[PDB]
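Taking the form deposited without the named molecule, here's one chain by itself in structure tokens.
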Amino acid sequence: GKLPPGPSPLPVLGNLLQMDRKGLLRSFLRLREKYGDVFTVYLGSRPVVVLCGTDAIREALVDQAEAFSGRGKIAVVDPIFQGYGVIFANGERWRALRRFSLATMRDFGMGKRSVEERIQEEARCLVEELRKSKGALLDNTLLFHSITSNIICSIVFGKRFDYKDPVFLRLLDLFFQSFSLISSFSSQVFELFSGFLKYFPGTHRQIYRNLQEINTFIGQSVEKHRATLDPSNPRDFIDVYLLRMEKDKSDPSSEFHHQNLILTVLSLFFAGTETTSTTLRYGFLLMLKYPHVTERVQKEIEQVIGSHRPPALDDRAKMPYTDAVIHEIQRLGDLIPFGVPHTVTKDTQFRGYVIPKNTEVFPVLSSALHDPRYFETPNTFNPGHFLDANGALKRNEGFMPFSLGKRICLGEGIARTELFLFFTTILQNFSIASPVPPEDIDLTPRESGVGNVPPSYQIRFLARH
């Protein structure tokens, strides 16, 4: 059988000359033009099948679910994970860690409170914090990280850190600093000639160093956990894992050991922080470009929720407008423009092609979220893409900002609760304003890579009465 169509590789250099100085995403989309929806390109000596549009991705990730369930690797961070922890595990280790990982976020945690209740509490702390700024213009970057972290922290490390605590301000810097270097221009060069480049200095050193410094903190918290553990009454994620360590003393094939634990907390502690939060950032940037929409969300909050009780997650179903606005921030925000890389698990017959076992597959989620076949005028913000005549919420197949399939975002339910409660709680209590007029807000990312990062912007949060 055949590999999909695509340009001709100079070996060692692969397809360097058919790429584009813009980035990995521009490059793939510029080839989509020539070779179709499924196609093959050469990053270094490595072949990758590339998937485009709703229909291609869905065929692969959902119709050949298991076939496409394997994970690839981000060269810039594989020094750190090396096939360990939940994001980057594969086969049995992955199955095991995902399974445990779903179960554990749903139930055991700080104050034995529900994830909702916890996100509620964080939101309550964001409000009090924001009030303190008295409407002065800030940059919302830092607070937006603080609040997403503290959720993940409260789950994994069983506690939340105070916004000014310098132990914690330093984890946030590392995390933000890395996630931006991760998706800088250099780290994409690196995605191509990792083999050659991993010798000379560069941006991957910095990322490695930064990540190792988080592992240190993760490490020294596992230890406190283990010391002061209690079998009767597991505090949180780490505590539960340790008890599963004990349950598994006599299983030689148990995957619950110190590497996976450390690197699972790193994955969670990463994703938990750096996406749910840049989404919020982008979301508020859009609200500054579209005060009309913000007034409608704010009226909808006034009707369904009112101005005294805090927002609750069951309100979402009663608030389709807001729910559309959030959908539409995820779609246009589009913070993972070409998925996290997959690999096929067996030899696979795809659109009458053979994709050999272990060949890397890039589901380009951004070309689904901007897919003209499913969204009109797909580069413009419109909450209407998710509403019908009657103002009811309206599902759309092109909408997969969390990927699809067997590898679908595990955090999805937390992400969605954080989005809904954080935007409705801020918007219930504050009115927003920037110096920049709506007509000159630019939505062009400060970095477009393996993830998208919105530009910095000023914003002010005015207490409503």
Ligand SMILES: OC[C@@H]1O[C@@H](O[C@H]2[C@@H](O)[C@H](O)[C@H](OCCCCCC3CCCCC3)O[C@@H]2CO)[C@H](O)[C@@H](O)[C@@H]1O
Contents of the next structure:
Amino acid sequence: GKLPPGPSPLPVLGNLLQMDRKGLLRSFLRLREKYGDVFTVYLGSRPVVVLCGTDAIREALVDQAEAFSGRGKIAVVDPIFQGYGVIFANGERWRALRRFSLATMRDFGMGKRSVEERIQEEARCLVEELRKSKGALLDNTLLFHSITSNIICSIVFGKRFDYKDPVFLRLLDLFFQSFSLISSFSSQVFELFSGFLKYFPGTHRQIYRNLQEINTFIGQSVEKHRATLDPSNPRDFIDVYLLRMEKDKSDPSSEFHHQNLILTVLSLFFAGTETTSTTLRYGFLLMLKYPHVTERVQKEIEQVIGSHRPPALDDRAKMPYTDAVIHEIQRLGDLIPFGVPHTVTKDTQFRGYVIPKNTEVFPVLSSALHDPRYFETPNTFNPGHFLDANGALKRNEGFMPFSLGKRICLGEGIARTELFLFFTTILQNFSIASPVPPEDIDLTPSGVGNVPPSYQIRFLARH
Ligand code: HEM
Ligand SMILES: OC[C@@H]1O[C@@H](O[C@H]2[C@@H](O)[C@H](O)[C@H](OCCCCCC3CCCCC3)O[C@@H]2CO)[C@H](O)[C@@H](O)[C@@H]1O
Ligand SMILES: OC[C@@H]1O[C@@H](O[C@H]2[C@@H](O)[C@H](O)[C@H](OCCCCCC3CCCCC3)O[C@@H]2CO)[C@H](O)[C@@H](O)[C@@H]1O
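Right, the form deposited without the named molecule is done, so what does the form solved in complex with the named molecule look like?
All chains and molecules follow, beginning with the one already shown.
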């Protein structure tokens, strides 16, 4: 090869002068145009292989799934995670934590009720809360952050919080503030030059402080769990982990220690809230812009579910139009546009190039989600992208918003359940309106995560 082709770097500065000022995603897409679907870019000293297009991403993450199963650091959060917890671990630590997390989230949670039942109940609480606004203008950001946070709380703490609980809201505010800071231009600069910038004030110090405050709270919950534990009846993720810590106490090689507990719980909040919340927020923005689509979803809800019974996950298979709409919301939403960093786990043979062991790799998910091979109108909201000639749901190789391979989103099922039940339970009970006429609504957004514009909305009780 030897490494994939790319711009010639400077020492220290890497490919700074070949980057685009609009950000990392724009820098990558521009470089793609010159160098092709697989290229090397130096971010500071670090060479990083970038994978664009559906093929290159699948050839890596699926065809060499084990080789591309490594996880890269994110400079602004590494001082917190330090390669612990389920997202940022590698090797055996990652395998053990992922195996445990998959199994546990599937089986243990608030009131012994299933994840689906907990989401249905959160949706019922949400409908009750929206009813109280009586059609007032609101910004739905807070409530969407609240319901997605409450699902993770149900899983990990075995409880949910009232929407107006002030301590819940103080910690929610400072937690979600972190995402904006992580996806900012300043944090992208920090990705490049952290080795220098860590010695100076900046967003990285605010991100650190916010997440440490959350870690303190998680620590306090772990102590409270331990003090109230019934080993015959584990409540939630924390109880199950404590029991595993007990089961492995005599094994100093075990990953099931305190640091992995705190940071795995943090990881579930970090990965499980913002993306799901912003998807819902983006979805409702689209539903304001395209009332004919929203009307059709409501028609389908009426036909399949009706106007009394709450939506259930079983309904989704009978609702291909609504399902296609959710797919298209995720696709156009493109909330994690250049993926979460991977690494190769060994020197890796890829398209004639050799990628040394531990080289970082970015799967540019955006480039699959906008691939014109797979989506006739990639920049236009089109639920027909996911519907066949008989009006049935159709699957698409370009559709990869949860990534692919061994690192695929651990919470894809939960996220899928949340989108379906929240969208349908809301629309079953409320129509929507806003001060801005549909044609005037602007969908224009961004870093590791995408962020749509702020907007007002009215939830109008139907009946
Ligand atoms: C619409 C919502 C969501 C989207 C689009 C999304 C997408 C993603 C993506 C792109 C990744 C990176 C995979 C990779 O490394 O290539 C990821 C990882 C992850 N996600 Fe999600 N996610 C969502 C919601 C959730 C939820 C609700 C949970 C938990 C219940 C969750 C848990 C995780 C975890 C733990 C990882 C790290 C996986 C690993 O490193 O093994 N996600 N997700
Ligand atoms: O050689 C110095 C100058 O080069 C040209 O500008 C270049 C670059 O030198 C110029 O710096 C600019 O790049 C923008 C800086 C990139 C930093 C932004 C990064 C911050 C971190 C994450 C996102 C990327 O874009 C142009 C790309 O062609 C200009 O045409 C001339 O002013 C001059 O020749
Ligand atoms: O006297 C203080 C206690 O009040 C009650 O509630 C506690 C705690 O038990 C309870 O867990 C609560 O937590 C509120 C904060 C929840 C934050 C969770 C966030 C994590 C990150 C994403 C957003 C959600 O804090 C309350 C105030 O201290 C508890 O019922 C009792 O333990 C005790 O009476």
